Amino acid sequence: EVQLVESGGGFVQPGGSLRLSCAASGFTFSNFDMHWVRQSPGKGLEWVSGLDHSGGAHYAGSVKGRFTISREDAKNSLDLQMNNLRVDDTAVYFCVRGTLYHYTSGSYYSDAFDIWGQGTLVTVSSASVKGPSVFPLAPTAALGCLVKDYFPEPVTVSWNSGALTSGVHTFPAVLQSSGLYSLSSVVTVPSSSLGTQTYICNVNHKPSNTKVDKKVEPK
């Protein structure tokens, strides 16, 4: 089936750069209007730039002069060179195909957006890679672990090496004012087992090669 695939995302510092690329399955870029649409919790969906079928480029105001969209004809490569990036550019970027509808009067372009890539993550931050600190949330009873001061996302949290999954709640991370992320992972267990049952949270942060096992017991 027809698909679009993005590449070139990652983590960059303010003023840095990133070159996103898009490869198509089952069609040729030069026959369609192609678009880049980004999405972030805060501004929602935002059309960033477009390169129509005839070769003309268009840009949103917040991006013009810093982003360059281009097409490598017959090479199946639509690119977006993003220069002088800002924190405000942190988003998931979608490669999007402008629709091409045919009528008895001819062809019409970009009435809508019919093909969307899976998306690539772009994050602009002054922070550097850092392992998390894991603190217990000592105690039906509730207990948990506080996973604080790490960068970048994501972390994975398990309980008792994966044997404990029922009642587990792992909240979405929050970007603190220091530029570092934080979240908690909690679980509800019977009050009768607080003295006899062992509870471990296993925190894995791949970007920093950090792995912490923290025992959580009442005080």
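For clarity, a rigid core is taken as the largest C-alpha set superposing within 1.5 Å between two forms. Residue numbers count along the first chain shown, from 1. What changes on going to the form deposited in another entry:
For the rearrangement between these two forms, modelled as two rigid parts, a shared rigid part is recorded for residue 143 and residue 171. Here the chain moves as two rigid blocks between these two forms; the smaller block's rotation against the larger, from C-alpha superpositions, is 17°.
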Contents of the next structure:
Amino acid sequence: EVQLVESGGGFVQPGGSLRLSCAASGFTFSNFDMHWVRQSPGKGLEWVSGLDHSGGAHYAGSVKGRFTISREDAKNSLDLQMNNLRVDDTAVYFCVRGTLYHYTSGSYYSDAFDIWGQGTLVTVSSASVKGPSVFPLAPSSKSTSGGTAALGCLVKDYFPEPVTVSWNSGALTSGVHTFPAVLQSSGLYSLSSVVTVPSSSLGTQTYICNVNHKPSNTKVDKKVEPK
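Go ahead and give the structure of the form deposited in another entry, now that the form deposited in one PDB entry is out.
Lone chain follows.
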């Protein structure tokens, strides 16, 4: 089926460089107007760049002179070179096809955005890569209400996104709450994953949270004991 796949996203220091590549299946993207739309909290959905059905390049004001877009025919891909990156460029970048509709009057391009890629993340920050520290949130009398007890893991000071948090290698899914990460003044991220269980299960079951930080090759398995 028709689809868009994009790659090359990553994590760079301000003034650094990145190259996003986008490929299609089921259609030739040079037939259509292709666009890049980025999404981040604080600026929303924002149109960035475009390569129309005639080979012309287009750029938004806040990005002109730093980004370049081109067909690379030998790759069958749509490339976006991002130079002199700055912090506010941190966003999820979507490769997007514009609609081509035929009428009795002619062909009309980019009335809307019909096919979207999955999205690739781009992080620009002063921080360096760092694996997280995993601290247990031990269940106690102050973390039990009725027959239900709460226990969790504190995943502090890591960069960049993302981490994947599971409990008992996926065996535990019911009652799990994994919070969105927060950016601290250090420029490092920190989140917590919790899980409500029957308080009687703290003696019939062992709880191990698994934190995987792919950018730093870090995989932590912390046993959460009541104290």
